[PDB]
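Student: The primary structure of each chain is shown beneath.
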Amino acid sequence: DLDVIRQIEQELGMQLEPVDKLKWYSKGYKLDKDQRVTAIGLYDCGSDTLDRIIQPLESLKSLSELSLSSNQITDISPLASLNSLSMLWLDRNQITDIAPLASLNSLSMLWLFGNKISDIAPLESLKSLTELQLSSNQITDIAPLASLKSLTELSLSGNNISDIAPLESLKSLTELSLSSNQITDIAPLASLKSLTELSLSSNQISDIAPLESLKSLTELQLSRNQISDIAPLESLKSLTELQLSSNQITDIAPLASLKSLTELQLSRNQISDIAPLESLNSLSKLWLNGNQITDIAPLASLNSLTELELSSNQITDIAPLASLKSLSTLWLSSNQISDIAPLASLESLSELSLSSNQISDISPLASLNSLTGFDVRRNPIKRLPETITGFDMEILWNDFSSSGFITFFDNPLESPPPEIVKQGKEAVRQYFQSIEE
Amino acid sequence: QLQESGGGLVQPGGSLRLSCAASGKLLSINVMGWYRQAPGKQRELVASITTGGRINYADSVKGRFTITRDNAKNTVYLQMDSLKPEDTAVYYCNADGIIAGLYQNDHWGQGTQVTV
Numbered sequence: 003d004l005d006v007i008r009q010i011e012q013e014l015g016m017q018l019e020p021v022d023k024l025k026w027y028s029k030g031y032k033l034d035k036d037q038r039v040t041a042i043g044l045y046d047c048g049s050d051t052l053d054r055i056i057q058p059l060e061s062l063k064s065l066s067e068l069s070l071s072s073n074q075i076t077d078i079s080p081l082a083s084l085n086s087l088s089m090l091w092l093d094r095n096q097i098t099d100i101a102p103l104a105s106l107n108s109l110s111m112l113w114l115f116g117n118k119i120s121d122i123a124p125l126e127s128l129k130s131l132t133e134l135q136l137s138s139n140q141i142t143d144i145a146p147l148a149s150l151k152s153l154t155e156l157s158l159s160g161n162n163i164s165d166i167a168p169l170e171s172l173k174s175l176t177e178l179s180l181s182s183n184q185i186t187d188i189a190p191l192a193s194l195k196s197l198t199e200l201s202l203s204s205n206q207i208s209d210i211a212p213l214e215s216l217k218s219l220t221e222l223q224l225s226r227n228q229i230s231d232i233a234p235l236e237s238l239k240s241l242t243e244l245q246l247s248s249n250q251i252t253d254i255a256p257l258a259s260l261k262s263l264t265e266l267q268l269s270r271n272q273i274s275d276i277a278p279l280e281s282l283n284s285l286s287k288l289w290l291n292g293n294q295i296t297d298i299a300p301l302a303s304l305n306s307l308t309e310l311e312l313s314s315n316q317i318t319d320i321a322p323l324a325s326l327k328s329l330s331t332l333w334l335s336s337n338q339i340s341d342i343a344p345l346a347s348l349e350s351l352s353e354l355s356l357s358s359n360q361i362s363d364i365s366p367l368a369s370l371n372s373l374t375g376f377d378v379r380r381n382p383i384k385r386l387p388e389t390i391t392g393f394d395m396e397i398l399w400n401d402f403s404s405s406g407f408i409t410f411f412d413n414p415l416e417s418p419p420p421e422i423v424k425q426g427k428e429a430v431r432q433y434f435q436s437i438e439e
Numbered sequence: 003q004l005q006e007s008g009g010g011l012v013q014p015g016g017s018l019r020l021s022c023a024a025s026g027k028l029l030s031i032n033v034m035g036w037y038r039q040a041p042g043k044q045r046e047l048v049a050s051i052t053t054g055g056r057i058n059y060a061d062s063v064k065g066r067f068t069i070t071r072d073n074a075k076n077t078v079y080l081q082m083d084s085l086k087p088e089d090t091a092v093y094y095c096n097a098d099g100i101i102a103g104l105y106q107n108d109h110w111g112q113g114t115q116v117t118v
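Quick mapping for you: the protein sequence lines, in order, are chains A and C. Final position of the first sequence in PDB author numbering is 439; the numbers increase by one with none missing. Final position of the second sequence in PDB author numbering is 118; the numbers increase by one with none missing.
In short, the hints are calculated from the structure, not lab data. We put the beta carbon where it would ideally sit given N, CA and C, even for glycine. One or more hints might be untrue.
Stated by the list, open to error - Partial chain C-side listing against chain A, Cβ under 10 Å, derived:
1) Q5
2) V33
3) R56
4) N58
5) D98
6) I100
7) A102
8) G103
9) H109
10) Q112
11) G113
12) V118
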């Protein structure tokens, strides 16, 4: 009743507003045919909200959606008599016990991630659940979710979970978040086939045996692990994004079987040759920094690239990088490049990292007027070229790699004094014009 | 990830507008704001804003820096005016939210140098 809504309004002193389909950040209500309250949102209503609103809440028996997200509540005992709910938002609160969440026979969506929960037994009788958010908690075991069928989106990530076997009993899921945990065996994740997004981030996984069974995946996050063989991923070609960050891998030939992949982070590994990345013409982002690779020539056939991270690698010749034109970021610092001539055609560049190399002449990078980041620290540069002061940037002598900045550090600057070059771009220009005069 | 645009060398009393855009991967942003690192110091909050419209200021840049946010396109803007030379720092972006189903209250940007 609108009388109940007004009662809640003056009790909280907050202007609840007649609104539409409820969201986790909603602070109003939703009506019905004959003006019956069904959905109510209390976003950031204080820590004492639940114990003060339950009498008005139980007064109306038509409520089916409750948003108490980010209210920082500690006790949810009042959430027991409102047996007419369907969706419940309880994000980002100091909730430890979910025992009152037992009588809510009907619930289709439960959001609980930002909490301090440790025991998920009480939600064993919640039959018709379809969405569960339980990330960033202190849980260590998941037995009670086995009885929970009809789940499509599950987020159990950020806990101390080691066994995952009961997830086998759950076969309806679409997105599975299982990360920042202590997991070693993924054998249960075999009978799943409807899964599209899998986030198996930081864990002690080294044998991706059952993922071959999955076929509809489009996003695969597998980073900060101890994996070494990616041949299992060779069969699957449907992933728009597959991230393989810090690991110990030496071969990437199985990746060459993929063709629709878009963004590829391949960082901090022992990969030797990147030739298998010669047929992925649709790559928009490539992150290959911190590896032992020598030749960039096989990468001269990916003209759709837009971001390229090649830093801290053993590349000396940059010439077979002139073919690419639609490039915007180029990080290849901490390498052994010498001349930067075969980059003058990279008209679309907007950020560069050319530091910690053996580069003496900077003059070729002159036509690249689009650069909004250039970083040449720790290089043996002797003379500063005219075009170095023709860029829309300010100059810093700091050790930080900042965008919108021309940066030098630890450089034997002889003709331009280091004090002059650390004064600023205007000082560099006046010094050079005086030298001209 | 959070991408920051801005920064540079500004005369004292000048102004700046640091922009911070969160990628489409970051899903449910509650708190988003700005932090600083001075040389030989520690990280300290500058500004924080929430989806509901609550602003938290550092009590040292009160009435000086302004935080604005767009929730549709998840973007924060720090409009900074009358920059005293104690602000010569590297500014970082802080956010809370979800990437690929995982929630952390502290997602950081790369940082951008502001000098006076």
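Student: Run every hint past the structure and note whether it holds.
Tutor: Hint check:
no.	hint	in the structure
1	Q5	9 Å, holds
2	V33	9 Å, holds
3	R56	7 Å, holds
4	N58	13 Å, violated
5	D98	8 Å, holds
6	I100	7 Å, holds
7	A102	4 Å, holds
8	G103	2 Å, holds
9	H109	13 Å, violated
10	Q112	8 Å, holds
11	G113	7 Å, holds
12	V118	12 Å, violated
Consistency note: the structure conflicts with the earlier hints numbered 4, 9 and 12.
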